[PDB]
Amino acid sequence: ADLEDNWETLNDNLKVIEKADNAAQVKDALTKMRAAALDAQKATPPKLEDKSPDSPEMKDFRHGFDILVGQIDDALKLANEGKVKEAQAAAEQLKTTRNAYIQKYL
């Protein structure tokens, strides 16, 4: 795969969400983030290429994305209910998960 590509998608869409004025814009951005996270979850970060695909590190790498997808889904539920501000707040917490789970592997 190509993590930097999905990584770009996640960053630009966080910006879209931050600047959004309506729920539909937030929903569309979250959709792109979910797709990007799903792709990234199947890739192997550079620091784990020599590791086993079933290694604790790879499982940690993949679980971080399960958590991310989970948070994205939580934000999507909010956006789908018309709660723009709450969904935007929810999206601000994604960086916390990314830095602690995935960042150490790049």
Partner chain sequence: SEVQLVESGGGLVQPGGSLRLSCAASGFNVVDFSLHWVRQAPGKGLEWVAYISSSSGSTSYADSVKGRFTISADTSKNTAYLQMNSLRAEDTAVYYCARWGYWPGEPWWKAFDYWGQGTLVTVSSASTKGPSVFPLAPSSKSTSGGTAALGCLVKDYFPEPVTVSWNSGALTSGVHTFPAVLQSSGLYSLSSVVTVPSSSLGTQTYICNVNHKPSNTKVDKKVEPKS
The other form holds:
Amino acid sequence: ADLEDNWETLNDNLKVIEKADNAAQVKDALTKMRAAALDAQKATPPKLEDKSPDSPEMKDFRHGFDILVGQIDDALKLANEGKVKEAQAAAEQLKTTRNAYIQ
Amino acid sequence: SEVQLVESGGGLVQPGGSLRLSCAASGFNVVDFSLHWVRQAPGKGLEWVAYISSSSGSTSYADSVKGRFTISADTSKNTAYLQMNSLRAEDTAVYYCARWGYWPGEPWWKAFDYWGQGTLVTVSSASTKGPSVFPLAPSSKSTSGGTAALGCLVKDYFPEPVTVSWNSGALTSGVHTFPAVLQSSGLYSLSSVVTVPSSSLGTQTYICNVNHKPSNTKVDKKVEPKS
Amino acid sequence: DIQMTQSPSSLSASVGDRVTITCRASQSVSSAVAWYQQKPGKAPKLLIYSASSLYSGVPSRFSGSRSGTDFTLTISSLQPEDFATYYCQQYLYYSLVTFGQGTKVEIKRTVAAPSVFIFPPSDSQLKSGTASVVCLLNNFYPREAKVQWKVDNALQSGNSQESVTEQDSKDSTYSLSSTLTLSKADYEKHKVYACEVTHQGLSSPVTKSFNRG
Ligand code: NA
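Please show me the structure of the same protein in the form solved in complex with its partner chain, now that we have looked at it in the form deposited without its partner chain.
Time for the whole complex; same chain goes first.
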């Protein structure tokens, strides 16, 4: 797999959400984000390749996408209600979660 | 020690009418799982209908039912409900309820691991009618110690379904209960048959048990050879 | 609206054959794809989740795989109890669920002739003004058969209907009923009621008949 391409999808679609006009554009971007996040959780960062999948480091790496996907879901609930501004403000959580996980 | 879901409330509803389905959980708490409705029109595929999170209150619906269906849950009785309004002929389907665990964790990944048995909703202008049950009686020319066929003909009922057992469920081997056929009158009929040793026709009875819940009809019919 | 394109819509295979069912997602759904087996009249049963995880209790002859957006269900050694309609499903999010169109799997086997039985109408039905005459074809293969009603040797047309059981989960045979419906008045107009059965396993057509009264 390739964890870097999944972050491309995540970052690119987060910018689509910020500059979106309607709830459909937001829902479509979040949908692509959720798939990318699920695949990203499977891979291993190039800094933890000599550790174990059961080690605390990999457990914490996967934990970050548990949180990230929960926040995608937070925004999807709102987009599904047609609440554009609310869904955009909920996706701002993803900025923080992204910023906190660049290890 | 087993998870199960039981749908109920299905039956006949006039076009434009309303009907409420229930999905009763046992073995698990509806607060711990999301609950979904999936329907299957006769001969067609599976169509996702709606879901509810009992814990949060969040819902969603298929575009095909949005604005007509409302899903809800009562946590105290561990049951979800599908309130269906403005019903139309194309809503006729078996409605299944199924659980799906919450994110994060393995439970989310297991998707619809448990489904109910499904309940049939029939949208039609017709009325409920219970069946008439007639014997299919084995020929007197049955071989001397061979195999005899006998059965019951279940005629002129609506809506589907009827269930048929034999000897209160003690006889299951060699039973064939056929799919119902729609008559030109708009009523259904089906046959249920069984093959048995001819040497048992005179030492043992054969009774079909016919149940048509939409009319509260239960009929036991003894089937004995001709004379 | 994420689409799952399932192929083929139906297939027939012998016991022991390897069967491959494919499902194409229109965009990425990660590995959030499940496969279900549905017996006629029953709820779907989960076979595979997360594209390739065998669900607990499912025989290991079922397996699944992911390649990008291409998903494949394989039955490595087809068994007679595997007749069903199989569905793929993507479950990327609660509100986004879609299913494939389904794949009906039939079992191929050797020819088996039906055992034929005819049933006259009952006196209780006749009192109501209807005469149902039933012809039964029991435990045969393949499904294709010709069932013709003769009333005093006059070939009947338009007044009979057929129903067929699903393949037996052990011997893969079918059973069939043909029901001739007449009014009581028409039934009393004639004497000999016969059903003639033509099938690949019968060396010559089998007739079963009775005389009214
Ligand atoms: Na007639």
